[PDB]
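Here you get one chain, nothing else, as structure tokens; it is the form deposited in one PDB entry.
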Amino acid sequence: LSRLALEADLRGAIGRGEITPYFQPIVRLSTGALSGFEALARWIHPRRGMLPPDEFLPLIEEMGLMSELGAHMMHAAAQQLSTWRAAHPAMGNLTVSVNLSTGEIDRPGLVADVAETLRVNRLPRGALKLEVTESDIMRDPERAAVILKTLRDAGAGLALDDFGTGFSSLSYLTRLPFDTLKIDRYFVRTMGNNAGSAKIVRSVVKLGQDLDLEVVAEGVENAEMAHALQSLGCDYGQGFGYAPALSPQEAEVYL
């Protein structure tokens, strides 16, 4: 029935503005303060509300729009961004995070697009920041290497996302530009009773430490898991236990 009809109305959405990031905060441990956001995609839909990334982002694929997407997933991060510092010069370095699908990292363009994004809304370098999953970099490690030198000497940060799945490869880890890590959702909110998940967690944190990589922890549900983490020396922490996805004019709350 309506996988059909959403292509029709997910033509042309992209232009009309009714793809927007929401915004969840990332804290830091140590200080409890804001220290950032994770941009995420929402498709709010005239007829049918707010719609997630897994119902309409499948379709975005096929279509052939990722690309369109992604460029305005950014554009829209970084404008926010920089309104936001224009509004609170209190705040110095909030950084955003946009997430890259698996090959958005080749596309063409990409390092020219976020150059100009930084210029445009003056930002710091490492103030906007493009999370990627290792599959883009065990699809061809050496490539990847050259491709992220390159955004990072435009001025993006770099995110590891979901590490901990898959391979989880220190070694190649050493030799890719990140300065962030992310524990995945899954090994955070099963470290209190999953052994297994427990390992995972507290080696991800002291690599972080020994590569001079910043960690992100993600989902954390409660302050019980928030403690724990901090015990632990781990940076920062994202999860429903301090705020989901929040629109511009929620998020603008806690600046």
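For the two forms, the rigid core is made up of the largest set of C-alpha atoms that agree within 1.5 Å on superposition. Positions refer to the first chain, counted from 1. First, how it differs from the form deposited in another entry.
- Lining up the core between the two forms shows that one residue from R125, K149, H75, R139 moves its Cα 2 Å or more, and that residue is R139.
- With the core superposed, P89 shows a C-alpha displacement of at least 2 Å between the two forms.
- Annotation: Cα of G196 displaced by less than 2 Å between the two forms, core superposition.
- Relative to the superposed rigid core, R48 undergoes a CA displacement of at least 2 Å between the two forms.
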Second form
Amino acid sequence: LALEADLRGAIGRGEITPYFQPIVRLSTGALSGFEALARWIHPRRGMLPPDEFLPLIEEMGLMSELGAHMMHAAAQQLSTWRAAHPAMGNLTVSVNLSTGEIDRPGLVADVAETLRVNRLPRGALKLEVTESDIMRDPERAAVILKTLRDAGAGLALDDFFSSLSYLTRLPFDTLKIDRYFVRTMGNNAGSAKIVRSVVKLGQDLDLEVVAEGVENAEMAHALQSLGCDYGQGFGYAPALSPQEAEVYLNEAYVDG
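Can you return the structure of this protein in the form deposited in another entry rather than the form deposited in one PDB entry?
Excluded here are partners and other molecules; the one chain stands alone.
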């Protein structure tokens, strides 16, 4: 079909769907939650990661349709896991709050409905927000992010002077360190300085910190020594299909 129709169909049929990457407490290895990550199970091209299809969605103005679909799928999966394990702690699932959603009237009601129909505890679903999303309109971000916390969503600042100022106002609970910095910190002093800076801020200002792109034990151990709370990456597990994530969860030690 035409591009917009093809993408609306792939989203609506769930061809574009979440895989789930474990987020672990670095000091113990215990599972804290998962990140919901979009994949296109493309019928002709095979599985495609976001970097190979998101530009199409952006061009067609479909970020809200993709984001909604991802948030619904992520929340439903968490709900299923909660029902299966009624004594389990507050296992989280993070998902990107897609660009433009902060501006969309009706985001808050959607989030609230999603939390409540899935019976999710406060903070079980965490929404990831970037600096560039905030920068579109910081005033609207301050209103809407506060209201999302009142609805029961958690909030992470992904890819964490502008950001220091935004942090003072906005009710984030989690900071994420970009994989580039983690992967280059061993060999690049400036990347190590940035990693250390984010970790130290979280410790000083009581925000949790997630390192992305943790590839191996050397990297994990370096982050453990700094006191970074959490990690995700190939050193622990890739993004997993729902079926694989279920197995991972059932075999896991859960944080807390």
